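Partial view: only certain chains, each at its native spot in the assembly.
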Amino acid sequence: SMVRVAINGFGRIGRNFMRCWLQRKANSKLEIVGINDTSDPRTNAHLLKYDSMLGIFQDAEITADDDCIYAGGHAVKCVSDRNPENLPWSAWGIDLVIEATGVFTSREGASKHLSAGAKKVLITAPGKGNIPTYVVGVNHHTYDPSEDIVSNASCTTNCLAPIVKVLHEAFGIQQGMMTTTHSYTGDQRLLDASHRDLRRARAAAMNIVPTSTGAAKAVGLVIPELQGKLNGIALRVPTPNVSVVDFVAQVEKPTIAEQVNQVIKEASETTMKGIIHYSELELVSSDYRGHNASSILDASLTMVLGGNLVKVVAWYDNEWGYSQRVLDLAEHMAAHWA
Amino acid sequence: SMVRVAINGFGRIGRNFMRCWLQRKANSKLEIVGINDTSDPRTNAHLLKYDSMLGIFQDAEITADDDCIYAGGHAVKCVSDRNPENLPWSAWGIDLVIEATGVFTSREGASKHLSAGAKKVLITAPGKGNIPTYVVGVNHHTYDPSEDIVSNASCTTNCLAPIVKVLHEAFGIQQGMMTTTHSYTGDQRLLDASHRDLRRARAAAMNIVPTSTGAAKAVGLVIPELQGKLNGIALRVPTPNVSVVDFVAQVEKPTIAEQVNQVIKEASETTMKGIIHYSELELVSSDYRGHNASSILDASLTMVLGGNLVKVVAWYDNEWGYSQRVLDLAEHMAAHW
């Protein structure tokens, strides 16, 4: 029967994950039964229903009272405690925690859910220290059922890794540089304010803001042959969702743009179906809102020089497309549960 | 003889105040000697110098070490403690604390700076409970030197009150409604997230966000005859700075637009000089960045119906113009200490 899931942190990814699940609920081995977050159920039900990015939730009615959120008559219990050791995970029979607060990404932090009584934790971010990292359609079939804490990597990693995997197998990637032009996120400031990163301190909707990203090194964890071969940066720009990666590879087998495109297109129809989408259309970021693929290759931006320098460009919905992946990873753990 | 000032909360208002003071430093009875804020001096020196709104600070070099910010060789001591009772105000000889955190606006909260040793507190926001409230050019000459905690009201109140005072004296305001179309502030969320106010919870740069404001009631505290006669709302919109108030008054003496304009123009040249500016130009918000006035009356938007229903519209730089007024209030307290 059902794997009982709790969401810790009812943020952009927490609530996108909940909306993904509510739309895939008839096929699922998961049942979302609890939420912990720093605010109350009435606030959270309001935000779950009224989303500036996704619009008004249509499929089912959403209400709340002092201790539950109700979404189509399914009652989701709510609690509010910043310290996960205190959570009622044993009492609610929680099997799997979706860890989406952004502050419990190390094994020591995420373990406190295990102390509270949960059996497994899926971190919706890169892990700190050695937490196994999975990207669906790249390495998720290597999942080991005895693992109690996993990571679903970052949005950028989920866009980049499948593309790198297709190219590496067809051409042999020797080295690779990435830049993601990425929507701002809640980690940045609305107006100039203190932050650990002096660039992220700056008014996010007024600026182009460079920042580091672990996505390119993290690709080497999910494609171990490429460990150390990729590097990259991010530019945060004044859009609220939808991001784009630009990837430039030095490859071994000499090629041209038409063949790079053909190889990706062929993978998008077969081995990476549902993960990579191949687009020949002349679209912009708003058109990819709500797209279910991890990466949408923009085929007419592909270019190659001298045989060996290859550039591809791919879109991703960093909230929604990532949340669909978290749900897929979760369903996969549910189907291989021990 | 210099009044020693500490800034508590080195945010948009705290740092705007500091820049205002650094530019008026030769005339001043204040000396900023300390800052308390939740982050460190290097971060704060970087933010003081590199401002998305004001630009790069030009006049003087700004550096920092582990415990000071240096702004043109003037050393400003820094500490970092969330609880103001712990602050070293007696040890630094602090006379006046500029309370700019947004979280110590009641008397009980602001009094903790007095417990820590400061002699007076100027809150950069409306006071909760009865804290005397001053708007420079409206009632600051009623300031009483024995008051230990005061409020400089909100940016919106500083824009609205002087205009109300001029109109009330010329025409007799019986009732009035305000809407401010206001730049977003740090109090709102960048992307939809939890907040006390369900509207402020929503992505600030993507939405028009209505929200309540006490600015219209607060005008009744600084013009006591109008207590209970005014009300209003705010609309937060996707600009980072510069705001506009739209005020509709029911007045006693019948009038027309040209006369309403003339009365405010006259006050802008005499009693409200430096507080109200009168503009006949067709300008937009970005042209008011850095403006020193509390209100800039946009004269061609003035309209009157039926003699008695009067609408005026006025701009304000909610960060800079307000901070100039905090500095003026502070210099006034300094002069009457």
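For reference, chains read A and B in written order, and residue numbers begin at 1 within each chain.
Assume contacts are C-beta pairs under 8 Å (C-beta built on N, C-alpha and C of every residue); 3 or more make two chains touch, one makes a residue touch a chain.
Peer 1: Beyond the 2 copies placed here, what is the full number of copies in the complex?
Peer 2: Counting every copy in the complex, the total comes to 4.
The rule is short, and it goes like this: only the chains that are shown with their structure count from here on.
Peer 1: Taking each chain's centre as its mean C-alpha position, how far apart are chain A and chain B in Å?
Peer 2: One centre to the other, that is 42 Å.
Peer 1: Going by the contact rule at the top, pick out the chain B residues touching chain A in the complex.
Peer 2: Residue list for chain B touching chain A: 11-12, 37-39, 43-44, 46-47, 50-53, 184-186, 188-195, 198, 201-207, 238, 240.
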